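Visitor: Residue-level listing of the chains:
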Amino acid sequence: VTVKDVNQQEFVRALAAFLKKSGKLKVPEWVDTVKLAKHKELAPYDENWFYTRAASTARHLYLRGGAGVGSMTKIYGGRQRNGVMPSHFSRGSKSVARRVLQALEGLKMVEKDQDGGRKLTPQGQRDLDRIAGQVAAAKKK
Amino acid sequence: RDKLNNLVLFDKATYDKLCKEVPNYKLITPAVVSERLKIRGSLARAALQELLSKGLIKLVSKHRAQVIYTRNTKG
Amino acid sequence: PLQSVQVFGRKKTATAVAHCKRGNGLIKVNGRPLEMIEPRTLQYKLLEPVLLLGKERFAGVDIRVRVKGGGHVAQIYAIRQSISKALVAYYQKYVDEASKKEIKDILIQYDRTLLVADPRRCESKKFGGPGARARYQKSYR
Amino acid sequence: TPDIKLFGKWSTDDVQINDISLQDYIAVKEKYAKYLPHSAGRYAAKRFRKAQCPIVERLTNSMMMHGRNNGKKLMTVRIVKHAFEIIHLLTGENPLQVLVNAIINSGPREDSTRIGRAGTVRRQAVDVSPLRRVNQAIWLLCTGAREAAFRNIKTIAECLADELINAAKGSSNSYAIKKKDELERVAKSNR
Amino acid sequence: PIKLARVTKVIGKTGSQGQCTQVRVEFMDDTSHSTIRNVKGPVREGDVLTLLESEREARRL
Amino acid sequence: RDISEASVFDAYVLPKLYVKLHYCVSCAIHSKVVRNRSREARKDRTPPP
Amino acid sequence: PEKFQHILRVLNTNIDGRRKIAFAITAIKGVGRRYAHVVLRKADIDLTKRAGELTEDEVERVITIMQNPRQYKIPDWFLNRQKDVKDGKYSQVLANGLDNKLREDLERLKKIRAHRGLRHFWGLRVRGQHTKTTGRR
RNA sequence: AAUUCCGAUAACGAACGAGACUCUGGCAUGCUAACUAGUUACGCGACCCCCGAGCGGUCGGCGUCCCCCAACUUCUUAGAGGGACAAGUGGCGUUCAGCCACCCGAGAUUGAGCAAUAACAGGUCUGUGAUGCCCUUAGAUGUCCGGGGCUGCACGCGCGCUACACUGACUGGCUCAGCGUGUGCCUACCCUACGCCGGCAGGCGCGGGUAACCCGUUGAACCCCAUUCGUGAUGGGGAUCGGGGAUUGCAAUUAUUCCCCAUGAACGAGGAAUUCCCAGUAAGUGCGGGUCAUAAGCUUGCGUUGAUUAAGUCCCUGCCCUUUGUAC
RNA sequence: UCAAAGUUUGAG
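Residue numbers (the authors' numbering), protein chains in the order written: chain TT, 4 to 144; chain ZZ, 41 to 115; chain QQ, 6 to 146; chain FF, 14 to 204; chain cc, 8 to 68; chain aa, 51 to 99; chain SS, 6 to 142.
Note that these hints are calculated values from the structure, not bench results.
Please note that a few of the clues may not be correct.
[Stated by the list, open to error] Here are the simulated DSS-like cross-link-like pairs (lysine-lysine), alpha carbons at most 25 Å apart as the crow flies: (1) TT:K38 <-> SS:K91; (2) TT:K27 <-> TT:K41; (3) QQ:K130 <-> TT:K7; (4) SS:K94 <-> TT:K97; (5) cc:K20 <-> FF:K201; (6) ZZ:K94 <-> ZZ:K43; (7) FF:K85 <-> QQ:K17; (8) SS:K94 <-> SS:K116; (9) TT:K7 <-> TT:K24; (10) FF:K201 <-> QQ:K130.
[Unchecked claim] Residues from chain FF that keep clear of chain QQ, each with C-beta distances beyond 12 Å, as calculated: (11) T14; (12) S52; (13) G54; (14) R91; (15) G105; (16) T126; (17) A162; (18) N186; (19) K201.
We treat Cβ as the ideally placed atom computed from N, Cα and C, and that holds for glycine.
Using the sequences plus the hints, can you model the full thing?
Guide: Dropping the structure here:
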């Protein structure tokens, strides 16, 4: 039972938790202080967000490989209330997507592929697929 | 006419009202609780989450926008 | 010899290309089971054909589907079409034309859209208004 | 599931209409009643096509109203399901039967058409088409709910459920059922 | 006393602004009896109006 | 037919109502008792059928 | 839980204890949902608490972070008054202090009879927006 | 729908318009087709690591790594054909022209473009090395350089955006488009992947792209899914203004744009009045092109989500024909 | 099977 086979919401939850239990990701010093994009009015409520984003990042990489930072921004994109002028797309934070990718690099979940960007790595492919199995054996529901 | 001043508390007489009355409604939504009592809305929601973990009210549905609960499940 | 039938469904600009196959009944789309796809309020929609025919018919028929284009709701409505068309195609070509007709009847009496496409498509804007038929506000005085 | 379709949950069969007139323009079972109240469904082709559309989907579409909620059908489907879930808790019986009963006793039976009459506007009262009574009922009550649910801590769904219940019952408490009796009464006042 | 009345023949769309269909009706209780009256909304040959009054019967308007 | 069902008399002929309205020109022309006509038509003094 | 404060008086402003804490603080001039949330996250507070809980040591602890953001690693950027002309300081101002800083800037330019000053003085639109049509009071 | 037809007939036979036409949209497991499409299902030739299920085989999943001496054209692109004509059945109709319904299947009706005669003293002499007359013509009404101004604000109006929140807001997460456009230029420059630096605006390195080749499976928004908030001008709203920071530029002060913190106004759905619109339409929603060193609250296109209501009438507002009256 | 609806550069 691979990860595609699973309800991706409840996956990234266990992935992040997995990444928390391991306790060797590398969350930077800002974390608390930083917004997460020019979109956002605020920072995240979930204080351990980094664990969550890494997961989503790794779980994307399982799905579409070779995805650089630029790639990551466009994925982590959305609406930009410009107040009294109308709304637009805004690209997510470069650095948080760079740091996540460098943090998953240090774990050896990911590796920089030929033709640029990151692809998630075999030893990584293990882990995501492992926790997919976990979720599928949560219960018949 | 309309001005409403809601509670944000574990405030004795209400707390008795929840734990006595609330589990013998057929609709137990925080909206229904907030109207009955003068309880905030956030307060209500959490209270109804406490009662669920206690087991005194059934879960119907637990959706983004609206949570539905029920009477104990009598027999 | 293999019993392969590539068929497509359609809605707006979504091409769902189901692919019926001499298999053991999967029915999974892009690369994951029908139980997700994940607009999810529109799940029953893309179960309908399977519920209306029963697993008996799909049983020994594996269906891989690929979608692209359109929006979420369309895409569904395309695959919805696709597989139920594709099954009908499968039965025609390998099973028997009495069975095809039996099925086709049981799809139509529910809904004509499960096989026949909406020729409807987004109608072009003409200047002097924001859309097609609507015009911009006239001032007068 | 193959022989009989439910509505996700609810029973389609054993939903009895009473008024032999809404009968045929309430579409809750010919046999054809569906799983979901979504459906691409081009029932705006010809004049009466609309009537063979299922009443729940008709309601669903109506719900989806005012600026923001334009073409937000899921948004509104979710509502319809929750209202129904609330109805089954509160009232019991099929929420489809209750919805139907609203439609029956909620839209007017007579109405006042604006005829010219010289120049200063004085109407004459007329009957209403069965389809017109269902259209009204549908939108009246759907609007009723929505109008209630603005600045109050109450779910659309919940108010939608409460309206459908107090319309199904001759309550004089639904916005619709009250609105219905107004019309008729005016309608009488220039018959 | 409410009476149901089956619609036998749409006559023609009257009303000021084009609205109230002039409509010939059978009377359901006793089909022998038949009024003509004006109706709002889309009507068609064969369906049922609920008339509250049943002794009024319009003509030109 | 309402009346002939609720008659005392078996059969009964039912009477009529004889009225010689006079109209002034305006009043005719207004209530459409008489239109205007073309130069040809004006001359042709047959009643309408 | 917690049966105490409910209403709160800090830094000459009030605060609703009955409000949630991040969104309660913001009632002080010179702190917004950003800076509050930060100031609390440095303080290490169960920010799902209402402000009508929260021990008086904690509200002191917050205030100290709030007044002294740079000592508690609330960085450059998150500071309304950076490199402030009158002395080489970069910091956050709070309460009536803020308003006084503001008045000292509009004074400064009024004293310089600067174009901006003058348009403040005259009570106009200052950030060269058009005014034929708008801001009529 | 049509001065479109049937028919009557001091008219007969013609011409323009209308229609036909062109582009478009929707049908083609039929044809021609492809390494700048897909591949397509295979073969799985595999890799690949336990990648998973599983004691192990056999499956599930993609990433892809693939060429060509695999196999095609369902999806793709776009050619040439086809295809619907009110043709078929039943009504109604001088049993003509036609109209209604229904079968099969798009049901004559997808939507644009072009578009008569005769006008208007409509607009344009600031689009033109189209141009009459008139004016000026070196102390210029030619031209160029600097500077300002077209942005000025008791006020009145017109298109517009954003709102007034809970069907919502935020905060995370999941997840789907289509039309285009793009440097190496008519006078100086584009689109941008990837990797580092920065919270961010951006900065610095290397690459691809005159393009179905790279940007780019254009990983859009709304929508969906969990968050919190809780009817409080509240976390709705984001005007106003202070402080700093980025870029475009020869230069940005009268804030060029951009980011950050702080500030937090009116506004709780809007009088009388009136606009626009009937099907993938309105409305929502984003994304392209235009201008563009810098760049959209405008517009011109695109798709995505997707209704209520009509299928009618001349009440108003208008138009087209007939007869009539007219001191116009 | 009839409510109210007055006026219109001197500037060619």
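Visitor: Hint by hint, note whether the structure agrees.
Guide: Each hint, compared with the structure:
1. TT:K38 <-> SS:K91: 30 Å, violated
2. TT:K27 <-> TT:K41: Given pair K27 (chain TT), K41 (chain TT) is violated - Cα atoms ~28 Å apart, limit 25 Å.
3. QQ:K130 <-> TT:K7: 40 Å, violated
4. SS:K94 <-> TT:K97: The hint is violated at about 30 Å.
5. cc:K20 <-> FF:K201: 23 Å, holds
6. ZZ:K94 <-> ZZ:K43: Violated: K94 (chain ZZ) and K43 (chain ZZ) sit about 34 Å apart, past 25 Å.
7. FF:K85 <-> QQ:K17: Status holds; Cα separation ~17 Å.
8. SS:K94 <-> SS:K116: 22 Å, holds
9. TT:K7 <-> TT:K24: Holds - the C-alpha atoms of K24 (chain TT) and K7 (chain TT) are around 23 Å apart, at most 25 Å.
10. FF:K201 <-> QQ:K130: 47 Å, violated
11. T14: The claim is violated: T14 (chain FF) sits with its nearest Cβ about 5 Å from chain QQ, within 12 Å.
12. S52: 7 Å, violated
13. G54: Per Cβ check, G54 (chain FF) is inside 12 Å of chain QQ; nearest 8 Å; violated.
14. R91: 6 Å, violated
15. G105: Correct as stated: the minimum Cβ-Cβ distance to chain QQ is 24 Å, above 12 Å.
16. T126: Non-interface label on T126 (chain FF) holds, nearest chain QQ Cβ at 28 Å vs cutoff 12 Å.
17. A162: 20 Å, holds
18. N186: 31 Å, holds
19. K201: 40 Å, holds
The structure fails hints 1, 2, 3, 4, 6, 10, 11, 12, 13 and 14 (numbered hints given earlier, in ascending order).
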